[PDB]
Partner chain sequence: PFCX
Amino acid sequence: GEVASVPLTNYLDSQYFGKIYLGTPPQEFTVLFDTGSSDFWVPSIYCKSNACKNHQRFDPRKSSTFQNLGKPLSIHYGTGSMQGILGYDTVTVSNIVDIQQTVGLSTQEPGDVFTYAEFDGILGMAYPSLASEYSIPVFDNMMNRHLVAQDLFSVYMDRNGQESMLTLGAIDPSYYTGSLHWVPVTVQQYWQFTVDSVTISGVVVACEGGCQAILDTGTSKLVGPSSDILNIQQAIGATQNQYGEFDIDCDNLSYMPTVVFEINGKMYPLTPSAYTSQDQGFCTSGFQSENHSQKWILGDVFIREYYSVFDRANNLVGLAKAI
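Let me have that sequence as a structure, single chain, the form deposited without its partner chain.
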């Protein structure tokens, strides 16, 4: 029954990541705390890929508490893949000591997807139904052993600065204004819920009649079905460039529409500033299309605007305007 404050870092267009420790004595890693997945893995000495060469690698030879399970682990992240082997060791996340935790030790991380990522590994924070075979999600172990004060965690992403924070077991009202609104999880695998509509000036531009969405800290953009995202890219004045990216004129923010997500009867507006990312003298749309799905992904673009609480005890998502 403890609380862990995990400061999150991000560089430019990178994901948000933070520190955990693994083994006895503790070995340090940066991980993507990822509400879009449920497995926990880090690079290991058994991985020779370029990506592993560029990241911290777990050395089980130096841990008195490591135990190999031998079971394969395979995951996808972006267009890349990781292959590894599951074992047990002790994970420490500030206050919290999570012994005998299943963890993948990578063996293969081919390609450049993981090489230039800022994090070493991924710590999934979604439901066990999303976990790979033989894998037990870290937060589930924490809950089942009553290691956390409450069975929830909170994520604050600093739109402007470096005060981002993941809190295990508590909610910090200092990171938001107004009150938290609670949204029922519809399908317990991702952190999934119903979006009622997406509007501009009261006109429905997407999600007509309702759609499913997930709240995903491990995705940067706001992802939706082709035809809906088209409506939005046109409305915000985004246009495709050679890289396939949708660019927005940074100096036009003042003239662009506010895109409002209605979730469980409450409004979650995204201003042009919010949905436009400025990674240079170039601004890009924070909206992105998917072709083989109608399920929305509310990634960091959304979370930066709305402090997010993930409540396993009640199967709710809490949203409040981020400070």
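Residue numbers count along the first chain shown, from 1. C-alpha atoms forming the largest set that superposes within 1.5 Å between two forms make up the rigid core. What changes on going to the form solved in complex with its partner chain:
Looking at CA displacements between these two forms with the core superposed, a shift of 2 Å or more is confined, among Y190, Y77, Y156, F193, to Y77. When two forms of a protein are overlaid on their rigid core, residues whose CA moves 2 Å or more are considered shifted, and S64 is not one of them between these two forms. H292 shows a C-alpha shift of 2 Å or greater between these two forms [criterion: core-superposed Cα displacement of 2 Å]. Relative to the superposed rigid core, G265 undergoes a CA displacement smaller than 2 Å between these two forms.
Cool, the form deposited without its partner chain is there; where's the form solved in complex with its partner chain?
Chain alone follows, minus partners and molecules.
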């Protein structure tokens, strides 16, 4: 029973990664903590993908606590792909040593998604049900071994001089203002919960009747179904680009609306500053549509605004105003 603070590093608000150590002697890795997946992998010495030679590669041979599982790992995100071999070893996440933890050793990471990525591997934080066969999610090994004070992990996020933070076993109230509002997780796979509606001046632009959304730190934007996100891009002032995309006039924030996510009777506004990422002169929408549709993904755009707490104990998501 212990608590752990993982400083998260922020690259261009699109990737949040912290440091972790694998095996004995400990080998160091940066890993994006992803609440939208349940597999923990790191590059390994068996991987000869460019993404692998330009990132840190775990060497199981150098680790004595390493235990080969033998079972393949292959994961498809919405953005990226990795194939791996499964094994066991000791992961030190901060001050929590997570013994005999199933970790994927990447074999091939085709594509360029991880290649130009800041971090080496991903550490899924979703439910076990999302985890690959043979694979046990990291927080899950922590709970079963009772290494966390409470079966809760909390995320805070963003920028400069700077300090994003993942906390394990606890919640840091200094990262949020107001009170934490607990949203029940409906479907335990993703950190999925119901969003009552999406309003723009009390008007529902999207998410009519209610819709399902997942709190996903590994998603940079705020993804919603095509039609709905369209109606949002037009309801705000965005335009479609000239080499594909949606743009926002940076000088126009003051005149643009607040996009309020209602979750459990409580309002989660996203100001034009939150839903707008600026590249010095050029502002784009933090709203991304899904080629298809259905589930809304509340990414680092929402997470940056709302200190999120993932409670495995009670299958709650606590939401509060980020500091």
